[PDB]
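Since the structure of chain B is already known, use the hints to place chain A with the ligand on it.
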Amino acid sequence: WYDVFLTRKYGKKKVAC
Amino acid sequence: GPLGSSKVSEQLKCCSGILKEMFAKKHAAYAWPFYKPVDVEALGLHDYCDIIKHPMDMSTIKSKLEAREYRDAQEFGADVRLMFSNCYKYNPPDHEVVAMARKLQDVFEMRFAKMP
Ligand SMILES: [N]
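Going down the list, the protein sequences come from chains B and A.
Quick note on numbering: the deposited numbering labels position 15 of the first sequence as 15, and the sequence is numbered without any gaps.
All you need for the deposited numbering is the position in the second sequence, starting with 1, plus 342.
Only chain B is shown next, with the shape it has when bound in the complex:
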């Protein structure tokens, strides 16, 4: 799943899993 906090924080996809 996406790390939504970090995806929003840098405006690029960050994977959480």
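Among these hints, one or two may not hold up.
What follows is a set of in silico ranges between Cβ atoms, one per label pair, in the way DEER data are often shown [to be verified]:
no.: 1; chain 1: A; residue 1: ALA366; chain 2: B; residue 2: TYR10; range: 24 to 34 Å
no.: 2; chain 1: A; residue 1: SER347; chain 2: B; residue 2: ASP3; range: 43 to 53 Å
no.: 3; chain 1: A; residue 1: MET457; chain 2: B; residue 2: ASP3; range: 40 to 50 Å
no.: 4; chain 1: B; residue 1: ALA16; chain 2: A; residue 2: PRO435; range: 18 to 28 Å
no.: 5; chain 1: B; residue 1: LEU6; chain 2: A; residue 2: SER347; range: 52 to 62 Å
no.: 6; chain 1: B; residue 1: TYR10; chain 2: A; residue 2: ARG410; range: 36 to 46 Å
no.: 7; chain 1: B; residue 1: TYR10; chain 2: A; residue 2: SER348; range: 27 to 37 Å
no.: 8; chain 1: B; residue 1: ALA16; chain 2: A; residue 2: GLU352; range: 37 to 47 Å
no.: 9; chain 1: A; residue 1: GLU363; chain 2: B; residue 2: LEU6; range: 26 to 36 Å
What the hints contain is simulated information worked out from the structure, not anything from laboratory work.
Just so it is clear, CB atoms sit at the ideal spot from N, CA and C, and this is done for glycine as well.
Below, chain A with the ligand without anything else, positioned relative to chain B:
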């Protein structure tokens, strides 16, 4: 010899099998970014719609196929490839999600290359 009339119907049966494989839990570790539409606003990807004209994902493809919205295998394959090529346009080439896309696309293209 005799004529036939069912090329289209067997093509789409093949397509459901490919999509079923793509959705199989066996691939979940790299398929999950493609299950659902990119949630552009929630994820804060404010540039996504500047780069991507036509978003696509496997849930949408599944809905279209089950609603008979593909004429043939070519139309189904075009949406599958659109979802992957969107990924490759939007994300940097060394991004983890691009590697996941290329791996899942191998699953699709291997089977899509075969005669039905
Ligand atoms: N992950």
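Each hint, compared with the structure:
no. : hint                             : in the structure
1   : A:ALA366 <-> B:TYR10: 24 to 34 Å : holds (32 Å)
2   : A:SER347 <-> B:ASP3: 43 to 53 Å  : holds (52 Å)
3   : A:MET457 <-> B:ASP3: 40 to 50 Å  : holds (42 Å)
4   : B:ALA16 <-> A:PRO435: 18 to 28 Å : holds (21 Å)
5   : B:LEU6 <-> A:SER347: 52 to 62 Å  : holds (54 Å)
6   : B:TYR10 <-> A:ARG410: 36 to 46 Å : holds (41 Å)
7   : B:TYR10 <-> A:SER348: 27 to 37 Å : violated (51 Å)
8   : B:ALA16 <-> A:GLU352: 37 to 47 Å : holds (41 Å)
9   : A:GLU363 <-> B:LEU6: 26 to 36 Å  : holds (31 Å)
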